[PDB]
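One chain comes next, on its own, written as structure tokens: the form deposited without its partner chain.
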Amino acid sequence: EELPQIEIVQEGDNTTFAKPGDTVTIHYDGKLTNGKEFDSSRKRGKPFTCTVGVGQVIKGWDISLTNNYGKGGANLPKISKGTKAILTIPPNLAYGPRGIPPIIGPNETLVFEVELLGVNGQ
């Protein structure tokens, strides 16, 4: 299957990993491949909290934060608490062929800078 690109820029505690159903808290920056930013929790003023692995965020996010639903994968490093990463997510794992104009265009790849701040409120 097709997976997102995950590059660790800062290692976490290598102990606290999130799994489907868990609640996570992260800070993130979202930009198009042309460098143009489309979303950012840091600029909004608060970290984002959500349930991962159940499709309540884009599929690329669920995969990165739960290590492919616990299945893992080829070249798919784990993200623990305190980990900074860069997520590259293809259209099929983002907003697909139609996209969400005028917020995001069709057939669009997305690049995220994410920092895992907490798992299950801790």
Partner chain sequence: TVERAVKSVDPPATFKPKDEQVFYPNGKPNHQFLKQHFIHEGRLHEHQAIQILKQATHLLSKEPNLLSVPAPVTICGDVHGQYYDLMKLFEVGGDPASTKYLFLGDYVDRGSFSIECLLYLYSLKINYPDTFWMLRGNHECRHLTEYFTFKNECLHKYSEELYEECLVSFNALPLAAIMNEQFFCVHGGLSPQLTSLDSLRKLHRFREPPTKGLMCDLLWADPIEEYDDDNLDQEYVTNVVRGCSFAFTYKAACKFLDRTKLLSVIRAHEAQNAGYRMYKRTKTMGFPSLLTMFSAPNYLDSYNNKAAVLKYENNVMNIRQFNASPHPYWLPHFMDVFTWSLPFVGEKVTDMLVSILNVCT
Given for the second form:
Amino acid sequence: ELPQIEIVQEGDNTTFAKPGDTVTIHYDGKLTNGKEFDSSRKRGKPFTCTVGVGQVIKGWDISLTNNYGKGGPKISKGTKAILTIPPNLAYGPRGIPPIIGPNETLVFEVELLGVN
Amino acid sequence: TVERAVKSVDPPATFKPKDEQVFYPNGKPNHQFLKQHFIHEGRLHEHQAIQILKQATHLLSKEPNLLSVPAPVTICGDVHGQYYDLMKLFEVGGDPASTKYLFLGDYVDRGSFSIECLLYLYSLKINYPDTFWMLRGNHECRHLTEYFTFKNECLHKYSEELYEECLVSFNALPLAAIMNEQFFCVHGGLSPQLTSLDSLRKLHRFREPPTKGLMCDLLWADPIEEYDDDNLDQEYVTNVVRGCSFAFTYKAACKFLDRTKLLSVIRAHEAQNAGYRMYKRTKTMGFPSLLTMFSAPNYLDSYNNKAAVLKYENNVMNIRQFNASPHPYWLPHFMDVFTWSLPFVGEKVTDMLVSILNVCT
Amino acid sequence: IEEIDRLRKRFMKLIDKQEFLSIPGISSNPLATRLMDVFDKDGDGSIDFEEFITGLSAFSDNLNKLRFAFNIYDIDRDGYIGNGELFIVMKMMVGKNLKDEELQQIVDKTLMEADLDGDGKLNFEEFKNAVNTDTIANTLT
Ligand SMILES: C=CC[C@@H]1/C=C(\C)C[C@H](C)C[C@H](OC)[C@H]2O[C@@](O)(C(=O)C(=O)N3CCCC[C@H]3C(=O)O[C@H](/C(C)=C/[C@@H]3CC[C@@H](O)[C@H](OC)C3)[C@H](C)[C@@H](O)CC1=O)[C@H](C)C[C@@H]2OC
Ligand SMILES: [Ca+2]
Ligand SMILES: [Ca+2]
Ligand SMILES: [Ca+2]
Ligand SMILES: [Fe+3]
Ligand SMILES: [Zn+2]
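So that was the form deposited without its partner chain. Now I'd like the form solved in complex with its partner chain, please.
Now the complete complex, all chains and molecules, led by this one.
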């Protein structure tokens, strides 16, 4: 099981995130019906994390590190993308209430602003 | 530990003012109190807020579908619960004690202070019913408030009963206005079914907006993107962007204005970097055929757009712009910090409790 | 009783605050110190074998699970969650994702929603009313 990645605009094609790197991202998250559940851009602080270590949902690790080198679409710095993430790679049947319901598929519109 | 770690931050006002503060002795809401109280994120007792909803519904339900608004008047576009920009708007537009107002709808959704915007605007309406007017926008209905933020807001801050009472007040909002016998004012725009002004006068409006038809179009219509180019012969085209209703052309506006003997159409509904936008001028009299107002600066905390209101008098359109003002922070979905952090607490603690457990084969 | 002897050999292979972070993964955990303190019931800086078993034993009725979640926020062990305590513990998990003004404002509004008696802090009763009693006990296992 993998997440679906659709490249909206591309970046440098050179700077790809690898496991253990940090990234900086502006994301809007919404459900398949379009209802938005969060946006970093509205909060004014870009999200920063360490990818590939399980410090985020599995869909983000797989998307940002190219499934740790075993694809089946890479994301470079400056790429604006859309990640469609199935519930098993997100918040499963439990969900994060009240912000994410059960068995929900998540669609993140991410812009990779920086790596390291 | 018991003191506040960030003392430069003002704390919220009380969630329970006394009746004698929220209402004047005559029983009308004390809008000067509510203005300051909402600036400091105070809340009302639910029964007080329902009382304000019920008095506004009573006044609104007696007004006609199509208001008559005399000049001079300040006309305002969308607010979307941006209460701290609404404070600035009144500074720019004039004191409601001596300034006529016409709002074009979209009071709620997206900003985290929709119920403050709505209760405050209604308390002005109640105290100034002959000089203060509010149209319905497309967000003042059940479908959109369910889909966006306003229902989650009422349920968090108050209850579903209050949410239902707001819906009753939305269904009572007038649809449009003739301003100074010169302008058609509406939230969205024109309609293929807007044959005469009577078509609008005959509507039964106390309802959720229909999927299609006149009432939907007034709330949902846009001009076509190429409106100024004036290169379409049709009047109306399917509004794919909105996914309902129509986009209308320069030709539709001009034929409508000629029919109804009006100068221009003033509407809102679309964000404007400059706060307003004047479209192609009328071949009949030279006024703008269309004007879009938008009163929500730095829309959604990300657009960095200016806002504008329209101060109309002496056949003059004084456009007054303003920038965004700071506002307090709310988590998405109005979560408290326990709802927000407890899933992560459990993950982080458990992880340690499993490492401690797995130390032995 | 077989499991009670099982924790003795886990504990023996493992407690000081320096010894505690040695456990794999605890070094990078933002709640490492908060978890240490809650298990450290007498506030002497190390975890007893009695505190080890007792604190684990809540992961019993659902009441011990609610009590533990409360104690993660109640730093000084005084039985109330103070405004500043809530800010400090949230700051351990929120990182640079909120500005301090933003964090303080939603700390303020949380307590004003959950503070029934008016004192400005949260006793255990007000905490239990403000959270999902079920979601909490289910997470702990
Ligand atoms: C002190 C507060 C807690 C702490 C909160 C922050 C640092 C603020 C940070 C910007 C989160 C946002 O808060 C505004 C908000 O972001 C969302 O809206 C969102 O877009 C999202 O899905 N993101 C965030 C961006 C990366 C992917 C994903 C995520 O991996 O998020 C991670 C996540 C929730 C993992 C869960 C943890 C619980 C487990 O049970 C579950 O296991 C399956 C996995 C986040 C980073 C956690 O590591 C950290 C926290 O939770 C969530 C829908 C809900 C989440 O608020 C909680
Ligand atoms: Ca001890
Ligand atoms: Ca305390
Ligand atoms: Ca209390
Ligand atoms: Fe709008
Ligand atoms: Zn609109």
